[PDB]
Structures are given as C-alpha cells and as structure tokens.
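Before any questions on binding or motion, here is one chain by itself as structure tokens, the form deposited without this ligand.
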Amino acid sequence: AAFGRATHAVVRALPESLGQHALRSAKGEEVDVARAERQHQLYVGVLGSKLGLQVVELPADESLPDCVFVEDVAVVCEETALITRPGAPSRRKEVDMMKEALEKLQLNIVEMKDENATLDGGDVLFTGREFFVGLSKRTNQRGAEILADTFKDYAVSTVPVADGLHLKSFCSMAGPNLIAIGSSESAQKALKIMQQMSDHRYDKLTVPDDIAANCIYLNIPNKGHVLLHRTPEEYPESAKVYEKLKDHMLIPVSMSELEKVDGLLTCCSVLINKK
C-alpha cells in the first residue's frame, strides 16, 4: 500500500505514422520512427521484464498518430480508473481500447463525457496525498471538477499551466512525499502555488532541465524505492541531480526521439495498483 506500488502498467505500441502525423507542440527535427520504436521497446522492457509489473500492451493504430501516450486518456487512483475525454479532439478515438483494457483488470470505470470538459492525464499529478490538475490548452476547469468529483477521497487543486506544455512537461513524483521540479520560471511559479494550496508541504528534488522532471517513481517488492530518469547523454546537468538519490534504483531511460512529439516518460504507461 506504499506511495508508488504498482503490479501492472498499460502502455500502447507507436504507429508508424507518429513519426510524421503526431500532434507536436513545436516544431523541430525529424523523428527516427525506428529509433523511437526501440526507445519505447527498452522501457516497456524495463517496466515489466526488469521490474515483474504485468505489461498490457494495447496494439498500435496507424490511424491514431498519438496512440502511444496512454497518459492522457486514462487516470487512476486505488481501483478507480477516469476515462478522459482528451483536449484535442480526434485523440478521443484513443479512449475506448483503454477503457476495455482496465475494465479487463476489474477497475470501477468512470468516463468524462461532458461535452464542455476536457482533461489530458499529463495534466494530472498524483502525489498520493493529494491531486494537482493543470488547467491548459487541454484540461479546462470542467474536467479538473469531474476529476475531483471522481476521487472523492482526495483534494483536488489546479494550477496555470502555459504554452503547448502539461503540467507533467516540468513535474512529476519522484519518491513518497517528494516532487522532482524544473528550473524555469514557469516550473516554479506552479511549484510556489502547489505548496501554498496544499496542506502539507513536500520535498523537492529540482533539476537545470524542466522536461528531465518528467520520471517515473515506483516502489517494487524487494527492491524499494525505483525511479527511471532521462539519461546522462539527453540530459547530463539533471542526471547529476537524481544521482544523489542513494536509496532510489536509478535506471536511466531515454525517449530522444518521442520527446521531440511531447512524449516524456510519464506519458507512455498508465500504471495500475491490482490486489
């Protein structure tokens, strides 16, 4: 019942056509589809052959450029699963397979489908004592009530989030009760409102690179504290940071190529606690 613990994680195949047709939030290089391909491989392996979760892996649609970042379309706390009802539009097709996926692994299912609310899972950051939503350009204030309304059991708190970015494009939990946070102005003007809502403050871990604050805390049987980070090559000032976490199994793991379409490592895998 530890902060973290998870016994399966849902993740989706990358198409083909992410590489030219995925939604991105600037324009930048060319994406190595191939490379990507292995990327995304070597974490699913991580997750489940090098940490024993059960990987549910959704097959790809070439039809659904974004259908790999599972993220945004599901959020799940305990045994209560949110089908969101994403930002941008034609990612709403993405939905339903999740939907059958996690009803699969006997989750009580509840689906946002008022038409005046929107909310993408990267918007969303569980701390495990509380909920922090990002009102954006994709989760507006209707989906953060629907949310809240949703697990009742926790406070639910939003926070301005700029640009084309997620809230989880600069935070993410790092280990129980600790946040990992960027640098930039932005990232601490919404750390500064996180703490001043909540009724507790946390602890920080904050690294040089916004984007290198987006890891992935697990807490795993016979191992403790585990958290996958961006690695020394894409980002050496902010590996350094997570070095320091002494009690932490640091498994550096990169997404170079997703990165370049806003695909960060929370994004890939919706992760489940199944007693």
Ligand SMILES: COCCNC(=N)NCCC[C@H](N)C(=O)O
The other form holds:
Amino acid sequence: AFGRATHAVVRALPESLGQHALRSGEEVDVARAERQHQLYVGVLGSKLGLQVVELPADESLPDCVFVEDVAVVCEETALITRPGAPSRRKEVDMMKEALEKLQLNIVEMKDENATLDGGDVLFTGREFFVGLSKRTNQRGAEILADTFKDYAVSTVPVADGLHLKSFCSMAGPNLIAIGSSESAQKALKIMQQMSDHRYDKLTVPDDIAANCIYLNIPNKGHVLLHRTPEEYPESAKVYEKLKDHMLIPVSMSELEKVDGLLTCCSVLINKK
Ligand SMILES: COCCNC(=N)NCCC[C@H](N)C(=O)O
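Return one more block: the form solved in complex with this ligand, after the form deposited without this ligand shown previously.
Now the complete complex, all chains and molecules, led by this one.
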C-alpha cells in the first residue's frame, strides 16, 4: 500500500532561521513560521495520528527544520545523506539518533565526494528518481542506488538552484503532481522516458504547489496535504478535483522564503 506511514520525524526551527537560513528579499516572520510549522506538525501527529518525533532546534543550524534533506527512508532502511551545503552537514547527528531509536537499519553517506539532499529524491512506490542538482551529485545518487537495492534508481538533471521536488511530488498511488514550467515539464519527460512504468500526472500551474504530501492512513484512506487556496488559488482548484482524497490545506508561506516547501519539513516512516 503506497504512502503508508506510522511515524514522522520533524524538527523545531531556530530563531536564527530568520536571518541565517540559506536562500536564493522577503523578510522572514519567524513567529509566523513557527506557527505554520506547529500547524503542520498538528496535522501529521494530531489529525492523522502519526507518532511524531519532534527534534529540538539547534541555533547553530539555521536550516535544521528541513529534516527531509538529511535522511531518506525506504521500508526498514534509512540513508543518512551528506547534504550539498557543507554548513548543513551537522544536522545529520540528531537525525541519526532519532532514526536509530526507530529501529531502522542505518546507512551513512560518508564518501567525501558524495552529496545528496533528500529534497532531490522522488520515490514513486515503484522506483526512485534522483535530481542531479546544485546540491546532489552523481556520486550521492550512486550511493542511494547502492542502499536501496530492491528498487531502480534513475537520475534527472535539475536546473538553476532547484531540487527535483521543487516542482513535483507524489499525490497518490501511481500519481505524480507536476508543475507546468518549462523546467518541470522537461524534467517530467526525462523521468517518463527512463521508466517503463506508466505514471499518471496531476498538473498544476504553480510549480511550488506541486510539492505536496500524500499519505494512506488506516480508517481514513487517501490523504493529501497541499498548499492553500490563499497561497496558490489556481493550484488548489486542481487538487479540489481529487474527490476520493481527504484534502488538507496547509500553509507554508514563511518557510517558503528560505525555499522550504511541504515535503521538506518531515521524514515519514512505516514501522511494523
Ligand atoms: C523539496 O525541495 C525543495 C527545495 N528545498 C529543500 N530541499 N530544502 C529546504 C531549504 C533548505 C535551504 N534553506 C536551501 O535554500 O537549500
């Protein structure tokens, strides 16, 4: 059953995020970001019933909230990544310990010529696509392939300071939410060309709004966290058509200013 999760790892955001998190002018309202982040944690843990592991903020790591970039979990195995920005590399320490306590088999990306950000990795339920980007390189992608041996891994070039999931993510079984920009469409075609699996797509006019979270929840069924109609009205009208999903609008406007989207803020785990 694709999208099953029992546990999520998240991490509180530091005061330092407002001035120190990496970003490609928009002033960050750190109190509003904390509010948005608390609301997102509420959905995962309270509303959907996942067991959430809330990591404490570390003021020395302005981007620590973005736990997705530091770990990729597939089944009973966790790849601890080697993030592409060297300043984010100590974020792995706390995540390794949390994933240890969750009884995952841990593989650490230690190779000094390898980098990977978890935000470059799209797992479809059938295979992985891995963005080759400013943050993820070919070697990082190879070590992901070596770690998740049961699954095919293919790479796709990603331009211009983007991550693969800057413009896509899974919206359901067999369903890739994908943005309409020249970048996103060029990337989708490459992915579709490299795989024999025939995916369906859900095309949205705002690349950013293609980053959503799908879960398959006991006694709830298909569930999708997506950006709000106040943030991306024309994309929310597209998700509204998913009549068999429980749709949950989640705001992420403040963390978006330092390139933080929905998937970025949690690592999801399915535990026996
Ligand atoms: C889904 O990935 C979207 C892109 N964002 C991402 N991977 N991580 C969050 C932002 C991390 C950091 N602030 C940066 O600019 O690198």
